[PDB]
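A.B. asks: Residue strings, one per chain:
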Amino acid sequence: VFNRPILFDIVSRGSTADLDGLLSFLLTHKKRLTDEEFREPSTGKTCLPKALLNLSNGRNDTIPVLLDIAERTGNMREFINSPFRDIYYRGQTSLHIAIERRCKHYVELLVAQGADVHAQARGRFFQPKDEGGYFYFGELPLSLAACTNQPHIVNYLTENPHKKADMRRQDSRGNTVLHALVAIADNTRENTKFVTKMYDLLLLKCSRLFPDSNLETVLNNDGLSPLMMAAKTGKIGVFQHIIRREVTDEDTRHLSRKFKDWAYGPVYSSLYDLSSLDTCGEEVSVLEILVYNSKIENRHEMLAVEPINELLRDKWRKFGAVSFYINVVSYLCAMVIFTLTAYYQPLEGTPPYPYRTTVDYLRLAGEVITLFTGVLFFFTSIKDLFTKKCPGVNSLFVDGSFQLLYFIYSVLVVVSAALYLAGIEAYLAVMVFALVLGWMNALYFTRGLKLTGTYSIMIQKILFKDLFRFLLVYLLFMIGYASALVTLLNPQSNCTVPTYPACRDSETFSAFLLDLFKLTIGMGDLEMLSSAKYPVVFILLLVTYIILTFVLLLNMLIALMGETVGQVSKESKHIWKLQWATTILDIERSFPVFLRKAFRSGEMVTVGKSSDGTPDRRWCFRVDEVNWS
Amino acid sequence: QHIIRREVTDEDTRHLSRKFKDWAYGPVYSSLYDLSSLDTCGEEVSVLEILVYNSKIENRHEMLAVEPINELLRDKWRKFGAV
Numbered sequence: 148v149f150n151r152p153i154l155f156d157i158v159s160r161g162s163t164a165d166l167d168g169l170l171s172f173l174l175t176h177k178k179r180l181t182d183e184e185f186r187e188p189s190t191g192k193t194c195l196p197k198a199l200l201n202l203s204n205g206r207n208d209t210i211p212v213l214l215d216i217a218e219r220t221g222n223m224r225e226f227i228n229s230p231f232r233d234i235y236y237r238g239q240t241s242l243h244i245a246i247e248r249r250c251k252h253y254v255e256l257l258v259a260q261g262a263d264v265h266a267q268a269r270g271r272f273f274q275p276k277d278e279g280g281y282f283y284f285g286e287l288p289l290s291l292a293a294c295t296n297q298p299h300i301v302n303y304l305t306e307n308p309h310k311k312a313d314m315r316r317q318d319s320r321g322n323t324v325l326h327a328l329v330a331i332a333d334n335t336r337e338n339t340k341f342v343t344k345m346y347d348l349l350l351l352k353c354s355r356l357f358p359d360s361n362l363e364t365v366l367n368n369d370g371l372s373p374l375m376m377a378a379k380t381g382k383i384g385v386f387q388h389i390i391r392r393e394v395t396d397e398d399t400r401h402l403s404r405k406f407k408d409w410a411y412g413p414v415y416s417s418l419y420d421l422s423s424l425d426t427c428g429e430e431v432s433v434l435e436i437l438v439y440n441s442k443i444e445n446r447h448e449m450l451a452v453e454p455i456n457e458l459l460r461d462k463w464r465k466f467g468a469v470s471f472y473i474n475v476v477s478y479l480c481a482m483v484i485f486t487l488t489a490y491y492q493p494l495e496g497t498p499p500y501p502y503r504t505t506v507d508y509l510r511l512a513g514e515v516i517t518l519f520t521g522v523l524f525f526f527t528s529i530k531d532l533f534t535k536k537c538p539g540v541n542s543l544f545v546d547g548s549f550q551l552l553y554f555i556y557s558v559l560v561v562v563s564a565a566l567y568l569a570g571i572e573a574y575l576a577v578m579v580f581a582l583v584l585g586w587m588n589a590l591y592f593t594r595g596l597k598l599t600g601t602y603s604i605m606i607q608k609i610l611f612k613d614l615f616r617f618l619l620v621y622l623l624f625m626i627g628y629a630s631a632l633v634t635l636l637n638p649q650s651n652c653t654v655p656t657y658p659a660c661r662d663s664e665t666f667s668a669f670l671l672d673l674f675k676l677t678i679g680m681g682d683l684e685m686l687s688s689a690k691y692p693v694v695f696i697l698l699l700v701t702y703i704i705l706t707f708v709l710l711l712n713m714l715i716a717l718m719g720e721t722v723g724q725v726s727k728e729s730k731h732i733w734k735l736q737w738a739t740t741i742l743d744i745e746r747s748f749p750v751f752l753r754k755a756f757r758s759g760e761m762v763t764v765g766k767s768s769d770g771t772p773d774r775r776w777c778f779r780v781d782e783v784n785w786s
Numbered sequence: 387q388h389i390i391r392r393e394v395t396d397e398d399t400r401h402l403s404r405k406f407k408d409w410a411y412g413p414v415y416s417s418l419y420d421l422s423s424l425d426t427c428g429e430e431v432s433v434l435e436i437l438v439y440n441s442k443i444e445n446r447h448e449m450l451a452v453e454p455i456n457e458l459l460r461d462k463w464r465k466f467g468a469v
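Chains A and D supply the protein sequences, listed in that same order. All the letters of the first sequence, read from the start, carry residue numbers 148 to 638, 649 to 786 under PDB author numbering. Whatever position you read off the second sequence (first residue = 1), add 386 for PDB author numbering.
The reader is advised that the hints may include incorrect statements.
[To be verified] A few chain A residues that don't get close to chain D, going by computed Cβ distances all over 12 Å:
| # | residue |
| --- | --- |
| 1 | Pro-152 |
| 2 | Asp-263 |
| 3 | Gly-280 |
| 4 | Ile-331 |
| 5 | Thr-395 |
| 6 | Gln-492 |
| 7 | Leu-523 |
| 8 | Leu-582 |
| 9 | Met-587 |
| 10 | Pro-772 |
[Stated by the list, open to error] The list that follows gives simulated cross-link-like pairs (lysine to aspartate or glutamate, DMTMM-like), each with its CA atoms no further than 25 Å apart:
| # | chain 1 | residue 1 | chain 2 | residue 2 |
| --- | --- | --- | --- | --- |
| 11 | D | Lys-407 | A | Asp-233 |
| 12 | D | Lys-407 | A | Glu-337 |
| 13 | A | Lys-405 | A | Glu-435 |
| 14 | D | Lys-465 | A | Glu-306 |
| 15 | A | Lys-405 | A | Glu-337 |
| 16 | D | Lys-462 | A | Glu-278 |
These are computed hints drawn from the structure, not numbers from a lab. Quick reminder that beta carbons are idealized off the backbone N, C-alpha and C, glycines included.
Extracted from the complex, chain A is given alone in its bound form:
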């Protein structure tokens, strides 16, 4: 009382026998518990947050006395609203602590005295784990009661007779109760169980309070939704539930997804509402976010939830497979024509204008069609580059995967066209170069149906994975041995293309003798027997070289074969399915989807009307099932 340290110690001790009678001093000496001297300058904590931080088995009976004294002081609103000015913490009004210590009674007292229930806990502690915090819950007392499995606290905060805590309220980030409740979720059992249960509870209650709009539509700053947020962050449990949710009571039935269409005994035509799994590109979809985004953690399992897999199947069977074969055959024909036109190129460049006869007209047709295909591919590449869905969520395929291959191909064709107009020797060498790259693109095709060859995954790994550094160290080893042995062997013309085979340290350029020995060892045979010529140390060294090379390379490569074959598991067909989905979706994105080629529609109004996505029509996808129940 006389000083802050003893007051903090007394409140922490949790004994009110020592707290009686000092209120008389506080009133007489105009001391108010809200005054600055009672809050440590580091953060700004008051006595009440300390008492709640030092709860004794959820029973600190001094708290009512503290509230009575505070209201006696005449300052009670500022007493509760006690932000922690520090950076590590923030906001953190006593209500947050009370909700967090799993005690409802002190929360009831706090609200009864008018405890603010919108104190944004905008502290560095409360940012998600990535942003350096430890626990993100939505920066809100209601979102804090919701994240940490407190159904009673959220119930009370929803219908408290005093100042209400409207669920629709959102934090600085825009994450409302449901966004945050998805932010804390995981793929475990208990966490998914309680998060799904409380998600349903919160959504139903908010819909009942405000039937005008669905709570789930309230986007965050990034513009996503709880379903989209679970898709982007990779939350399998919440995503599965929110995509397979049906509600019975009519007043809250309009916010379902898995409607029921009809049953005829053991057959059920379950109508999944994909109002937001595909928007024809109008607004970001859950399928695009789920599959195009390569940073997801559970991409496959989520891609096989239920409406997603059947949706991809239906897209495949309808402008998904026919168009793929059309494009693959068209590209193969374009590559064939490129090969023919390059091969039949006028001898040694010399680009004339001779197109008068039939064969010459055929060559001209090949050249023009090759140019047309190249320019079309460049147009596609630039359209993809300019079309960006959202900053942070976009293809951004430059210097990655295979779009760069198409870009390079077009660049090479254009440069070749320019130099062909110039007609310069030793410059059309990129034409042929273009062609090689062209056919490498054919390798990245064949990623559709019929259990395509897994080349992709290998070439996708071997490009920038352990094999690269393995061959680098192998080259270092062999070149070190080459230097060693050429140094050992270093000590009349001989009529040889390289200057001399040693011959008393003739030397010239290291590369010459280095490549001589490199090709000798690569070919392996032809030996070097001779006579005497310094001791057996050289032959010993070379035999260790050959033995270790052969044995270790064979054994390690074959063990790597075993490792990859035991590693190319259902994960491999997961890659196949992901490639198939990407093919379907970029095919659709290529041409206008919103044309009359979309996914089926459904009910118009009333039973099938809702404000979740698209008009009351609620574009729905029906999947059939049979259950003997």
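With chain A fixed as given, assemble chain D onto it according to the hints.
C.D. replies: Using the frame of chain A, we list chain D on its own:
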């Protein structure tokens, strides 16, 4: 495993614990394992040196992944261990 994950409640015998508790903020627990004897900076033999350098142990891996040992090696890696 037990002797490296021992915590004792009663205060008179609580000073001889290893896995203290630092703070909790709901579902987050910052468990403070006391490695008073898993590393002595070479002053006195440590449990990590004995455990890993000694090649005659029978369960060397499983013991090396108990809980404080694995995270301790991770932290050493991320700090003058990898660079």
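A.B. asks: Each of the hints needs a verdict: does it hold here or not?
C.D. replies: Hint by hint, here is what the structure shows:
1. Distance check on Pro-152 of chain A: its Cβ is at least 21 Å (rounded) from any Cβ of chain D, clearing the 12 Å threshold; non-interface status holds.
2. Every C-beta of chain D lies more than 12 Å from that of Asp-263 of chain A, the closest at about 20 Å, which supports listing it as non-interface.
3. Chain D draws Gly-280 of chain A into its interface by the beta-carbon criterion, the shortest separation being 10 Å against a cut-off of 12 Å.
4. The beta carbon of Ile-331 of chain A sits about 8 Å from the closest Cβ of chain D, which is not more than 12 Å, so the claim that it is off the interface is violated.
5. For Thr-395 of chain A, the shortest C-beta to C-beta distance to chain D comes to about 32 Å, beyond the 12 Å cut-off, and the non-interface label holds.
6. Distance to chain D confirms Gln-492 of chain A as a non-interface residue, since its nearest Cβ pair spans about 54 Å, more than 12 Å.
7. The Cβ of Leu-523 of chain A lies farther than 12 Å from every Cβ of chain D, with a closest approach of about 48 Å, so its non-interface assignment holds.
8. No Cβ of chain D approaches the Cβ of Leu-582 of chain A within 12 Å, the least distance being about 44 Å, so the stated non-interface status holds.
9. Annotated as non-interface, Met-587 of chain A keeps its C-beta farther than 12 Å from every C-beta of chain D; the closest such distance is 36 Å.
10. The beta carbon of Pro-772 of chain A is kept farther than 12 Å from every beta carbon of chain D, the shortest such distance being approximately 41 Å.
11. The hinted pair formed by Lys-407 of chain D and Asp-233 of chain A meets the criterion: a straight-line CA distance of about 24 Å does not exceed 25 Å.
12. Annotation: proposed proximity of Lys-407 of chain D to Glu-337 of chain A holds, straight-line Cα distance about 23 Å (limit 25 Å).
13. For the given pair, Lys-405 of chain A sits about 21 Å from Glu-435 of chain A by alpha-carbon distance, which is consistent with the 25 Å threshold.
14. Restraint check for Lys-465 of chain D and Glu-306 of chain A: not satisfied, since their Cα atoms lie roughly 52 Å apart, outside the 25 Å limit.
15. At most 25 Å may separate the alpha-carbon atoms for a hinted pair to count; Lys-405 of chain A and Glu-337 of chain A meet this at roughly 24 Å.
16. This hinted pair checks out: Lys-462 of chain D and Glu-278 of chain A have alpha carbons roughly 23 Å apart, not beyond 25 Å.
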